[PDB]
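Please model the entire structure based on the sequences and the hints provided.
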Amino acid sequence: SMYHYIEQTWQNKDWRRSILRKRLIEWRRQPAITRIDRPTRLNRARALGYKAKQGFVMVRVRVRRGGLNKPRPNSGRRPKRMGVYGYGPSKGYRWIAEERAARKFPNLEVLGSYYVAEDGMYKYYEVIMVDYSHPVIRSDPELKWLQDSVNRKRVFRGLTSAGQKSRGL
Amino acid sequence: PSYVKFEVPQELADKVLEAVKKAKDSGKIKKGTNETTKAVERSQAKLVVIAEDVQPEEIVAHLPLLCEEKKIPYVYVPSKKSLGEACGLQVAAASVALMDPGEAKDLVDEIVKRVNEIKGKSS
RNA sequence: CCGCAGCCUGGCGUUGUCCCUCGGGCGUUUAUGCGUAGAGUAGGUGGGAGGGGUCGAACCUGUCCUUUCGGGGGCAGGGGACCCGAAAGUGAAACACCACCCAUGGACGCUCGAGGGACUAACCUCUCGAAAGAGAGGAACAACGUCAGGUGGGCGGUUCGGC
RNA sequence: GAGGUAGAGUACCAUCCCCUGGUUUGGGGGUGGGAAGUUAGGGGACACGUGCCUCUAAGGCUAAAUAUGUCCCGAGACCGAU
RNA sequence: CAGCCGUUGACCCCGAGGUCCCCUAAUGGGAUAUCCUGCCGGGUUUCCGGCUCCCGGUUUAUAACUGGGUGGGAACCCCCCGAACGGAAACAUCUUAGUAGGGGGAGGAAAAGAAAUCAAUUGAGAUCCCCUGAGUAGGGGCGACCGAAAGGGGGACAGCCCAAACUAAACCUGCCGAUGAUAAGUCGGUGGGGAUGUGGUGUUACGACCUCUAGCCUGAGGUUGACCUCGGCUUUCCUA
Numbered sequence: 004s005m006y007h008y009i010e011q012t013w014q015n016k017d018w019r020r021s022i023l024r025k026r027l028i029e030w031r032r033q034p035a036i037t038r039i040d041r042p043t044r045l046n047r048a049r050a051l052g053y054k055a056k057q058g059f060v061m062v063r064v065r066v067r068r069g070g071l072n073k074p075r076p077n078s079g080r081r082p083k084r085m086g087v088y089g090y091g092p093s094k095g096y097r098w099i100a101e102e103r104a105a106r107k108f109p110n111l112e113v114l115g116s117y118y119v120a121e122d123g124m125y126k127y128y129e130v131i132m133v134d135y136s137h138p139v140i141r142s143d144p145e146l147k148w149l150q151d152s153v154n155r156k157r158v159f160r161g162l163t164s165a166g167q168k169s170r171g172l
Numbered sequence: 004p005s006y007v008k009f010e011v012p013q014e015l016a017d018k019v020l021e022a023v024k025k026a027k028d029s030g031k032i033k034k035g036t037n038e039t040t041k042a043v044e045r046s047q048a049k050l051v052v053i054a055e056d057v058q059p060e061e062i063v064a065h066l067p068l069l070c071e072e073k074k075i076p077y078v079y080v081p082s083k084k085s086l087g088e089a090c091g092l093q094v095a096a097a098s099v100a101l102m103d104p105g106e107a108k109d110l111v112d113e114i115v116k117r118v119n120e121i122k123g124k125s126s
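Sequence order for the protein chains is D and L.
For the record, in the first sequence the residue sitting at position 78 is 81 according to the UniProt record's numbering, with numbers rising by one throughout.
For the record, in the second sequence the residue sitting at position 102 is 105 according to the UniProt record's numbering, with numbers rising by one throughout.
Heads up, some of the hints might be wrong.
On the chain D side, residues computed to face chain L include the following (Cβ under 8 angstroms) [claimed, not checked]: (1) 19; (2) 28; (3) 43.
Pairs of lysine-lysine, DSS-like flavour, derived with a Cα cap of 27 angstroms [as the list claims (entries may be wrong)]: (4) D:147 - D:16; (5) D:56 - L:74; (6) D:126 - D:94; (7) L:25 - L:122; (8) D:16 - L:74; (9) L:8 - D:16; (10) D:16 - L:18; (11) L:74 - L:116; (12) L:25 - D:54; (13) L:122 - L:73; (14) L:18 - L:73; (15) D:73 - D:147; (16) D:147 - D:107; (17) L:116 - L:24; (18) L:8 - D:25; (19) L:41 - D:16; (20) L:8 - L:24; (21) D:54 - L:34; (22) D:56 - L:84; (23) L:34 - L:122; (24) D:56 - L:34; (25) L:25 - L:41; (26) L:27 - L:74; (27) D:54 - L:41; (28) D:126 - D:107.
The following residues of chain D were derived to be distant from chain L, with all beta-carbon distances above 10 angstroms [what the hints assert, rightly or not]: (29) 75; (30) 79; (31) 88; (32) 95.
For the record, the hints were derived by calculation from the structure and aren't laboratory data.
Virtual Cβ for every residue (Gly too), placed ideally from N, Cα, C.
This is the structure we're talking about:
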């Protein structure tokens, strides 16, 4: 159970954070979306069923912090709905992470997500991303459900875990 | 890297590779980290191997610290791909353990002496 | 009548490392105390007539610091072993041992200020570089996010009594 | 009988905002902190404590029972060429 | 008007095919042209195949090459963003209202679906919708108004996989050939992926599950009352 010990170092606070700060800088040089051949903290990915068998992949993405990117209105309005400061994107950043991530590889599908690091200017997450067209996963009894259409593009309708979380179940 | 504390010379590493490959038939050797850590947690480890080319560094970063209080020696090898070949595995290996040194027991003990005397100089 | 942009200031986060004077502390390190009556330094409360005793004391002789030079406190040798009383006073006694508080100073790892300084590794600006990456200046500031306060007909909704 | 396992920036907390009856009591998000994790936790109308009761998240996936007429059969106290 | 097809079975209707121009999400490249115009490979006269963003392979580590997410659809569905009109006899909180509308994405239904559920004398037992509960609870210049849940009564009522402890290469997968009914599967060679974890058992609360210890407990065989190997059984896949 390495996965038990991976976060034993990094459970809430460790000097591991100093190392990641170095990784934090270099990632800002990296593209806002990229592919990593091996997922970082398997304790989450395997906890979301990721299998190192051929047909899965890992993706990193970053986003900017702050309140909602909402424009000020201009027409005739009552004061109730016309303020600006204090707004926030109602659906969580954990949710938004997969969205742009989903668009990147439409021939695939999203399952789960998590962040790994965060500074005051960006949030960095990691998302499982699955090919369903692969003639490997096509014959899995353990995931035969995916052969159906309905499992597609789910993250956009909020049927992922984040979506369920955003819906507060 | 940061998960490694003391440097290990190649010649010391080279002997380990010869040491482990001998254990392919006589000794009992653990392959894959899960088969190691619990055995290390089981305090049944005589000697363990930690790769110098792990990615990310945290994948095996716990192993040295746990072996401290468990008082079980550990060794480093730069080329983890070789170790996978060394353990007769078609792919890379990052963590292997020595339940019994099999035939290279004396070779193992010298290595233990080799590392421990360096540890004394490693403070 | 008001509301919201934007603006100014400040707090929090992106926020790092050496410091530096002083004032605060945090958890520690230690050491320093006379209203009168009295063998005499009772600072004030506790368990406590036993505590120290080759499980080292009384005596006097000096080197030394201090203080209301009152006087006590710390030094080994000379001395190989002795003093306080349950006994005399004090609206409150035992320099009988060990504790708590006030009070003086220094130091240790950490924190905050009056602040100040320095650096670069964050980050920012620019350049080179196909990329990778490199170089130059500022700088933990700035800028952003967020929050608060001040301003705010720049923009938004409104009323503008009744006889 | 003995031993082991049992999902983190997740719960939870402060603050700002959003909405819903959720009101000193709900859910979501931003922001800042931030756990335990089986000898664990949560919940049982303000808070806290005590007992008593019941569940185990932070990953899945799912038959049917209902939403509708681009369309096709059938029926009609629907009109007869403004 | 004129002529033909039809008894060698017409026309029609059913099914199976064949053809099936151009633009068009239009995708070789370009478009204010429903049009022009390249590069490869094929045979070759006519002509035929391939050429944004991705997934996994060939070959050098950037060159091309093997093999498979886009738009529409009457309403309906899901999810983010998000109005004023009016009402309060004015109007600013509130309400009108998450509707009008924007964006994304599906299917024939979608959504949701196995409690950190309730309620309360120790009970029930996924979800959904229908009728009630009920304008009750509760919210608000206490103003218009908004507005549950629990329970009961109906419909169909189905409940299984993962992570961990624990097994540890016993694993999945491309092609070719054989076999197999062409299926699935198996076989021989092949290529890929994989200890940075595949596959095996199993996921539930006064506990569940796994391992060890001890004891009792299957048709054949063996082994040392006990143990083991081969039986039926559970799950899954495959369609002739």
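Hint by hint, here is what the structure shows:
1. 19: The hint holds - residue 19 (chain D) has a Cβ within 8 angstroms of chain L, the shortest such distance being about 7 angstroms.
2. 28: Cβ of residue 28 (chain D) sits 15 angstroms from chain L, so the hint is violated.
3. 43: This interface hint holds because 6 angstroms falls under the 8 angstroms limit.
4. D:147 - D:16: Status violated; Cα separation ~40 angstroms.
5. D:56 - L:74: 36 angstroms, violated
6. D:126 - D:94: 15 angstroms, holds
7. L:25 - L:122: The hint holds at about 26 angstroms.
8. D:16 - L:74: Roughly 26 angstroms between the alpha carbons, so the hint for residue 16 (chain D) and residue 74 (chain L) holds.
9. L:8 - D:16: Since the Cα atoms of residue 8 (chain L) and residue 16 (chain D) sit roughly 21 angstroms apart, the hinted pair holds (cutoff 27 angstroms).
10. D:16 - L:18: Between residue 16 (chain D) and residue 18 (chain L) the Cα gap is close to 38 angstroms, so the pair fails against 27 angstroms, i.e. violated.
11. L:74 - L:116: Distance ~14 angstroms between residue 74 (chain L) and residue 116 (chain L) Cα, so the pair holds.
12. L:25 - D:54: Not OK: residue 25 (chain L) and residue 54 (chain D) at ~33 angstroms, beyond 27 angstroms, violated.
13. L:122 - L:73: Distance of about 16 angstroms is within 27 angstroms: holds.
14. L:18 - L:73: 24 angstroms, holds
15. D:73 - D:147: Given that 27 angstroms is the threshold and the Cα spacing comes to 42 angstroms, the pair is violated.
16. D:147 - D:107: With a Cα-Cα distance of about 24 angstroms, the restraint between residue 147 (chain D) and residue 107 (chain D) holds, given a limit of 27 angstroms.
17. L:116 - L:24: Roughly 20 angstroms separates the two Cα atoms, so the pair holds.
18. L:8 - D:25: Roughly 19 angstroms between the alpha carbons, so the hint for residue 8 (chain L) and residue 25 (chain D) holds.
19. L:41 - D:16: 24 angstroms, holds
20. L:8 - L:24: Holds, at roughly 25 angstroms.
21. D:54 - L:34: 19 angstroms, holds
22. D:56 - L:84: Distance of about 19 angstroms is within 27 angstroms: holds.
23. L:34 - L:122: 26 angstroms, holds
24. D:56 - L:34: 19 angstroms, holds
25. L:25 - L:41: With Cα atoms ~24 angstroms apart, residue 25 (chain L) and residue 41 (chain L) stay inside 27 angstroms; holds.
26. L:27 - L:74: Holds. Residue 27 (chain L) to residue 74 (chain L) sits at ~25 angstroms (cutoff 27 angstroms).
27. D:54 - L:41: Holds: residue 54 (chain D) and residue 41 (chain L) sit about 22 angstroms apart, inside 27 angstroms.
28. D:126 - D:107: Distance ~18 angstroms between residue 126 (chain D) and residue 107 (chain D) Cα, so the pair holds.
29. 75: The claim stands: residue 75 (chain D) keeps its Cβ more than 10 angstroms from every Cβ of chain L (closest is about 44 angstroms).
30. 79: 56 angstroms, holds
31. 88: 39 angstroms, holds
32. 95: Since the minimum Cβ distance to chain L is about 26 angstroms, residue 95 (chain D) lies beyond 10 angstroms and the statement holds.
Hints 2, 4, 5, 10, 12 and 15 from the earlier list are contradicted by this structure; the remaining hints agree with it.
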